[PDB]
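Certain chains of the assembly are absent from this excerpt, and the rest are unmoved.
First chain written, first letter: the chains are A and B, and each begins at residue 1.
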C-alpha cells in the first residue's frame, strides 16, 4: 500500500519556496512537516525535485548518497539494527535503500509491497540531513563564530540564530554545547555576560544557560 | 497498530505558532487537542522541533527531562502507578521513556512495538506541562502589580489586560481572585474608585465587578 501526497501541501510548499528561498525558516518548516511520516524513494525524489532546481537537485543526490552510505556502514556495524531485518536474505545495501531496488524501478507500488519501514525512516532522516546540507552549500551566509548579540536584539532569538548557525557548520557533535556557551560568554551583550559569569560553574548544556538567562532577563 | 500524524495538522500548528504567539490561548487549545491521544517519544520530539526554533527547543528538552524525572520517581516509589504493567520486574526508567535502551533507539517502529498505555499517557502529560512551562519562561508577562488604568482607555480592556498579566505570575493557582479584586479597587482612576466603593458590597468576584463598573459607564 502506497500513501501518496496531496497537491495542497506541495503547491503551498512550492509557492513559499519561490517567494522566499531555502534560507527561510518557514520553508524548512513546511518541508519538515511534509517529511515527518515514513516515505518512499519515489516520493522523496519527486518532492526534492519540486522544491529544488536541477543542479542543486543533483547536489542533493550526492549528499543523499553520502548520508545513505553512512547509514549503510551503521547497518554493517550491527545485525540487530532496524536496517538489517530478521530475514538474512534482506541485508541492506547502498542500492537497496536509494530506490533502484529490484522489481521496483519507477514503480513505487513494489516499493510499498516489499520494503521494510524502518529502512524508510532512516531514508527520511538522511534525506532531511542532506537537504539542510544543500541549504548550507547552495545558500551560505555568515560563519558561526562571528555572530554578536546586536545592540538591540532580544536575547532568545539571538540564541536561536546562534545555535542554528553553529550546529550547521563543520563542527562535530561533541563540540556543540561548550562552544556555544563560550560564544555566549565572550561575545553576547556585556550585561548578559555579567549575568552569565555569575552562574554556578556546574552547568553543561546550552539550553540550561538559556533558561538561566531567561529568568534574570529584564522586561524593559 | 501505530500511526503518525497527518502532516496537515502539524503544518497548520506550525503556521499558527510562528504567527500568533505562544502565550495566547488558541496555541494551547490546538496543542492540547493534538497532544491527548496516546503518544510516543519520537512522536513528540520531532513535533517540538517543528513547531519551535532551536533554543526554546533546548528549554523544552530541559523541562521535559525534569517532568520525566518526576514521573519516574513517582512510578518507582509507588508500583501502584500506571507507569508499570502487570509485572513488577518491568519497572519504568528514564531510558525507557527518553528513548535510550534497545527496542527504542531511533526506532519509532520499536517504540510502537514496546511500551504500554500507562507510560505513553505519562510521557504525553509530561510533554504538555513542559510546553506550558516553556511558554511561561520563553516570553514575558507584564509587570502585573504596576499597570495603572490610563485615561483614554475603557475600564474593560484595562481589566482584560490586568487579568492577562496577573495570570502570568508565580502566584498560586487559586489565590488569584482576591489579588485581582483588590487591584481593581485600589488600582483604578478616581471615578472608578468612587463608583466601586459606593456599591452595595455584595460584589466579591471579578466578573461581577466588571459587570457593575461597565454597566454604569459612559456609552459614547
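Definition applied: a residue touches a chain if its C-beta (ideal position, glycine included) is under 8 Å from a C-beta of that chain, and two chains touch if they have at least 3 such contacts.
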{"item": "Assembly copy number, counted for this structure file with 2 shown", "value": "6"}
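Everything that follows uses one rule, which is that only the chains that are shown with their structure count from here on.
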{"item": "Chain centre separation (chain A, chain B; CA means) in Å", "value": "28"}
{"item": "Chain B-touching residues of chain A, taken from the complex the two chains share", "value": "8-9, 25-26, 29-30, 32-34, 36-38, 80, 82, 117-118, 121, 125, 156-157, 159-160, 163-164, 167, 205-208, 210-211, 214-215, 219"}
{"item": "Complex contacts: residues of chain B adjacent to chain A", "value": "4-5, 7-8, 10-11, 14, 18, 46, 49-50, 53-59, 61-62, 102, 106-110, 137-138, 140, 142-143"}
